[PDB]
Amino acid sequence: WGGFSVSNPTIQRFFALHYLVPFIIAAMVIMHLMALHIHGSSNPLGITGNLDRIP
Amino acid sequence: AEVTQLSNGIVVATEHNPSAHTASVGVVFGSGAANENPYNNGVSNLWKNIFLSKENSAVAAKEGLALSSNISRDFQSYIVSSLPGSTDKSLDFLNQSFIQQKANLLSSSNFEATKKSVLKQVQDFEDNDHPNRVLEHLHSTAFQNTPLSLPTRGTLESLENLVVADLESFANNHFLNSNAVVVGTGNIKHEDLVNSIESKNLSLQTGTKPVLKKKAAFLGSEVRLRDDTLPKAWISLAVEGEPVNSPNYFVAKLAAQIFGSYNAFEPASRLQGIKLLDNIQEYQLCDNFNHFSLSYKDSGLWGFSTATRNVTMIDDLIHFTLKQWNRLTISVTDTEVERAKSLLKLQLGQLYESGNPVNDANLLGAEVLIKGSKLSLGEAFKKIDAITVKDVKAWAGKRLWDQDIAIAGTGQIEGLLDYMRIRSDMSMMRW
Ligand code: HEM
Ligand SMILES: CCCCCCCCCCCO[C@@H]1O[C@H](CO)[C@@H](O[C@H]2O[C@H](CO)[C@@H](O)[C@H](O)[C@H]2O)[C@H](O)[C@H]1O
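Going down the list, the sequences are from chains C and A. Heads up: the first sequence at position 3 corresponds to 168 in PDB author numbering, and the numbers run straight through without jumps. Heads up: the second sequence at position 86 corresponds to 112 in PDB author numbering, and the numbers run straight through without jumps.
In short, the hints are calculated from the structure, not lab data. For every residue, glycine included, the Cβ atom is placed at its ideal position computed from N, Cα and C. Careful: at least some of the hints might be erroneous.
[Unchecked claim] Just a sample of chain C residues kept apart from chain A, beta carbon distances all over 12 Å, derived: (1) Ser170; (2) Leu185; (3) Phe188; (4) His204; (5) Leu216; (6) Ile219; (7) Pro220.
[Stated by the list, open to error] Restraint ranges, calculated between C-beta atoms of paired labels, are given here: (8) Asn187/A / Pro220/C: 37 to 47 Å; (9) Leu216/C / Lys424/A: 52 to 62 Å; (10) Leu216/C / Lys240/A: 30 to 40 Å; (11) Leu185/C / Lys424/A: 26 to 36 Å; (12) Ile212/C / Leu182/A: 50 to 60 Å; (13) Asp150/A / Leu198/C: 25 to 35 Å; (14) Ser450/A / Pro174/C: 34 to 44 Å; (15) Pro220/C / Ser272/A: 51 to 61 Å; (16) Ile212/C / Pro236/A: 52 to 62 Å; (17) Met196/C / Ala420/A: 47 to 57 Å; (18) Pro220/C / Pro273/A: 33 to 43 Å; (19) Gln307/A / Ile212/C: 39 to 49 Å; (20) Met455/A / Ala192/C: 30 to 40 Å; (21) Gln126/A / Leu216/C: 55 to 65 Å.
If we strip away everything but chain A, and leave its shape as in the complex, we get:
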């Protein structure tokens, strides 16, 4: 009823949900793509896929279990889902995969087949997923030569050069008890899980701490992947944002909610209380846009992504959007701040109070790894309601006004002006 957190060597964290009809048990490691290098980039993604390999999944399915794995920038997860009663069967599989097995999943035929699978996977993403590919390039240029610049799926070049040894090296260096948290969500009790874990013994690399490196840094820059054969222009643009556990974490998320998301083809989306919408609908400057406040351990990105077929008016799209951002520093109104509060609460509620145990597992593990605990919506909502117009203006004057930007784009971006023209729009002339 408040999320329990116990440690006996292995940190166990659970979140009991009485309305849930299933249960998820897994392990979340405090290491992701941000802990790789340009040459082993994609190793985590390769691990995810061998864990989700047919051999491993068939074994789990026979037991009535479903496997899930997510590779993020700061973390990595491996979850098993089952009925509330088969919760102990999940632990056995989990125990087996990360303690008993090794040479079973890393066999020549399984590794090569899995490698070939992720290779075609990544190739398709880079070849067809334009909005996400652009967002990945935003991170790449914004944090270039820094941990946060590496794509989570890895790069084709490094992927084709990866061997079983690379996987093992990463596992020995990151899949450690000191860098992990065993999570339990859905319909399960803490005692049931802690005792079932405390039932077994061993340690498997005890006291071993993960590798350390240099911190993430934001660099005003841009990467342009022009492709005149594509039907649209896809653009992502952002300034240095807030890291997780930043004092302005919510103020930044609220600022992003002010401008929000938009889908020109959805009737209700066109009626939102967003001033930018009055400027962009007259000549239909875009098909959609979405503002974000991405937060990581060392840094973050605040900005937006947009897609448009109006290739001759991209300059107006960017101009109007950045002119609106200017407003956060000098003229954002009370009702805009109040509307943002309500919608932010709804966003967080939908994110944290989702009816999915695997989602809760990922969120719970990631947070307890970073701050040792998980913040409740009750506390989050209180912080949000305390945000004032002066807080937004103070934050904007620091993060937005006359600040460097990172830009990424693909498709028909001839109309996207030079860096300086876009950068100049981060402020307004004053007397």
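One chain only, chain C, in its complex shape:
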């Protein structure tokens, strides 16, 4: 809170943090895409997709 209750300090820090987290999410999405890339996507049959890929 930065005080005795939700007040000025709380709102100002929340806005600063609201600006920041989206960039952390972006970084986490890059990490998400990296994990995805090494094994590739799965498919609806649940079996190997290695025998028939398309760009």
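Chain A with the ligands: place on chain C using the hints.
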């Protein structure tokens, strides 16, 4: 000295060669694999082999003669070779085989033995000859459900179902005087041949015209024969080309000469004036490639064939090649066109001025059957020298730019991308 052409019922065509020490006399029919159907496919190939059968060859050999036969898409030939003096002995054999004999060569033992022979022959080709097998499949997919799609050797399925009757049916329908031309090449005079032919009589199915059918059509498509157990990837790719006697026949052949042929293992081949070579040698994209401009009566194929052990970079091989083709429409240079002219002339000269009478026999017969005469190198060379950069660009903008392609491949082709990725490369982005 200008190739004579006389007709008295039977069209006789000769090409005298004073430097030749042998002579070739034979008959060329204007019917080939393109005149068969999916079910009798291979009948012509079977005929070629019974004609080259031991019994028939032994008879010819006793007379000091050599037999040759070639099954093509639009035509079919049967030639006898001998010394310039034994030229009349060739005619007797030829006359015998296509007028006297019939039940002799089509006997149960000869036909079955020959059938078994071509069966193992075709099986070996389909099993081991990868570059040619792929080129045959290019024709098959490009002209599917059309005459030009049938392989010249026939298919195993139709071959094993063929009986003596099928051979006879084809012979009665195609081996006709109206669909033939008797050729004479090497060291022989026209009069000597025409009088020796005019010596005999008879007709054997006179006035009879061959069967007709539906015309060849090109279809953008592909056939993929993946085989991961093979050491390379063999690919053939092409667009609809030019038929024989097309106004762009030479412009197309010259365009193909621009990109030419290549053998990575030949030192001089790596030094050719081909811009594509700068792109493909850095990471050695292929072992070899050869561009072509195949021409037939109803249609043609323009493109290339390639073989490669670089299975992870096939996409670059195809991409760079097609990007070079793009250039024929927008930026091909004058020197590329001039280099192509010189090399095309050399190619044609080597093809037509070969020291082989049988080759001349096949070429002469095939051409006279299609246009009634044979074009001379003198005229061909003149047409070639007249080709300009604008002619190449006009032809490319019509046949290459944003046009459908036919693809065939076998071996380790996992790296060959989907049809659309390859098809998109037939053009470039423009403002
Ligand atoms: C901003 C958030 C996210 C982004 C941008 C994102 C993006 C992607 C993309 C582009 C793919 C590949 C295509 C697809 O399958 O949809 C993917 C796959 C996947 N994502 Fe996400 N994702 C996000 C959140 C999540 C969440 C919240 C979970 C799970 C708790 C998740 C689990 C997965 C999994 C398991 C796959 C693989 C699906 C498969 O191939 O079977 N993702 N994601
Ligand atoms: C972030 C939002 C912005 C969106 C803006 C939208 C972008 C629109 C781009 C539109 C056209 O871009 C244009 O695409 C066509 C293909 O469709 C290209 O065409 C190219 O490929 C086509 C198709 O094989 C050929 O026929 C053509 O001769 C060739 O030039 C053209 O050269 C390019 O200039």
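| query | Is 39 to 49 Å a correct range for the gap between the Cβ atoms of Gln307/A and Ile212/C? | reply | holds (41 Å)
| field | Whether the CB-CB distance between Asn187/A and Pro220/C falls inside 37 to 47 Å | value | holds (42 Å)
| If you check the beta carbons of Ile212/C and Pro236/A, does the distance land in 52 to 62 Å? | holds (55 Å)
| Is 52 to 62 Å a correct range for the gap between the Cβ atoms of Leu216/C and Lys424/A? | Violated, at about 39 Å.
| Assertion that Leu185/C lies farther than 12 Å from chain A (Cβ) | Per Cβ check, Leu185/C is outside 12 Å of chain A; nearest 40 Å; holds.
| Does the claim that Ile219/C lies off the interface hold, with its Cβ farther than 12 Å from every Cβ of chain A? | violated (5 Å)
| Would the least Cβ to Cβ distance between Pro220/C and chain A come out above 12 Å? | violated (6 Å)
| query | Does the Cβ pair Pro220/C, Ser272/A satisfy 51 to 61 Å? | reply | Distance hint for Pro220/C, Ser272/A is violated at roughly 36 Å.
| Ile212/C paired with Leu182/A, Cβ distance criterion 50 to 60 Å | Between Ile212/C and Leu182/A, where Cβ atoms are some 34 Å apart, the hint is violated.
| Given a hinted range of 25 to 35 Å, is it respected by the beta-carbon distance of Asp150/A and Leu198/C? | violated (51 Å)
| message | I want to verify a distance hint. Is the separation of the beta carbons of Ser450/A and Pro174/C within 34 to 44 Å? | response | Between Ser450/A and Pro174/C, where Cβ atoms are some 58 Å apart, the hint is violated.
| task | Beyond 12 Å from every chain A Cβ: check whether that's true for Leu216/C. | result | violated (9 Å)
The earlier numbered hints that this structure contradicts are 5, 6, 7, 9, 11, 12, 13, 14 and 15.
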